[PDB]
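Undergrad: With the hints as extra help, turn the sequences into a complete structure.
This is what each chain is made of:
Protein chains: 2
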Amino acid sequence: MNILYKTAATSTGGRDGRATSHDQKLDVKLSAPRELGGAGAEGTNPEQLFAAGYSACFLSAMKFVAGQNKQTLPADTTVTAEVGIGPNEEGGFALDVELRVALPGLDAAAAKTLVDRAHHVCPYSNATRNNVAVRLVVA
Amino acid sequence: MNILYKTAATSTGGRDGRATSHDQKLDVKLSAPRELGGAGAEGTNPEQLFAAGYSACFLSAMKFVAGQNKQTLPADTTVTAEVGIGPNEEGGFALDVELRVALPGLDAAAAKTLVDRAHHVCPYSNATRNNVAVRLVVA
Numbered sequence: 001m002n003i004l005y006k007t008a009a010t011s012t013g014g015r016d017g018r019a020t021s022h023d024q025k026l027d028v029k030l031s032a033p034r035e036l037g038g039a040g041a042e043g044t045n046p047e048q049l050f051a052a053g054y055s056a057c058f059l060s061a062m063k064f065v066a067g068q069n070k071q072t073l074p075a076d077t078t079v080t081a082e083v084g085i086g087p088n089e090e091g092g093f094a095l096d097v098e099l100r101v102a103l104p105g106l107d108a109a110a111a112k113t114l115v116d117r118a119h120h121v122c123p124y125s126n127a128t129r130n131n132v133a134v135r136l137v138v139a
Numbered sequence: 001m002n003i004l005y006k007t008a009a010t011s012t013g014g015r016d017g018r019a020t021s022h023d024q025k026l027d028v029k030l031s032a033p034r035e036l037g038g039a040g041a042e043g044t045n046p047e048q049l050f051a052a053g054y055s056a057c058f059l060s061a062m063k064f065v066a067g068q069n070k071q072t073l074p075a076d077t078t079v080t081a082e083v084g085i086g087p088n089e090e091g092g093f094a095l096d097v098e099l100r101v102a103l104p105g106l107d108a109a110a111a112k113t114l115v116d117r118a119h120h121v122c123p124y125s126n127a128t129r130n131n132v133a134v135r136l137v138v139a
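So the sequences go chain by chain: Y and V.
In this text, residue positions in the first sequence follow the numbering used here: the first is 1, and each later residue adds one.
In this text, residue positions in the second sequence follow the numbering used here: the first is 1, and each later residue adds one.
Derived by calculation from the structure, the hints in this document are not laboratory data.
Do not take every clue at face value.
Repeated chains share a single entry, so a pair holds when one copy, or any two copies, can fit it.
To be verified - Listed next, the in silico DSBU-like pairs over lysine-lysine satisfying Cα-Cα at most 35 Å (straight line):
(1) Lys70 x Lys6
(2) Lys63 x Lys112
(3) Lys63 x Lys25
(4) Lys70 x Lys112
(5) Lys25 x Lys6
(6) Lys70 x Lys29
TA: Listed below in structure tokens is the structure:
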């Protein structure tokens with residue numbers, strides 16, 4: 001294919017994990033705290049990292065979507081991904097993430113449908129709703 | 001559900017994007033490839049963010065797996081997530097991500113099956129491969 005934009009990232013096994021956009025765009029380390037059986041550090045939690053990233057990504061995704069939908073979204077809009085981890089009857093762990101969408105000037109009744117469609121057309125969103133346990137909660 | 005541990009990460013659509021793990025675990029501003037259709041900022045690309053976070057998360061997962069499989073994995077290991085984006089035949093944006101699994105003391109031939117089965121039993125979503133075009137490249 002014709003790759004317009006490409007970037008390589010390198011992620012090392014630091015204390016629990018390390019992540020660096022190798023072209024010097026990103027450089028940090030993450031680690032699940034020893035609360036439920038983690039590693040032992042105060043870095044960033046894994047699913048928390050995906051949540052934060054994805055949520056932030058959702059704004060950029062909608063930044064584009066609005067551009068093709070001929071609509072304009074406020075800059076003051078925010079999305080808060082609240083993630084929880086608990087055991088499942090399968091005997092393993094299970095992720096439950098409530099994606100809390102705050103779009104200013106927007107009604108909840110309308111937000112239900114706007115978030116739904118936005119979370120339907122954008123990548124990740126499909127996989128994270130129909131496949132994964134993300135509870136879409138509109139502000 | 002019966003959550004054991006729950007965290008929260010908020011993300012505004014600031015300039016191009018913003019992401020802040022509300023527990024003060026993370027606080028940065030990011031940016032989609034404005035080169036193609038973003039908003040304009042000098043931050044981290046969503047594609048890379050997920051890729052790197054996933055790579056690091058995979059190392060954390062493998063760490064825990066080793067912990068329940070009573071085995072130990074070399075701390076010298078690294079995973080390089082190389083993400084690219086280009087216009088697909090469909091007329092949209094397609095992500096091609098070469099996920100490079102560099103595990104020391106391990107062959108390519110063996111790594112092939114190990115990474116295969118590993119990504120099988122614990123990916124992140126079925127759509128993380130079936131929806132997202134990933135090249136599993138073992139190092």
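Undergrad: Sort out which numbered hints this structure fails and list those numbers smallest first.
TA: As far as the earlier hints go, not one is violated by this structure.
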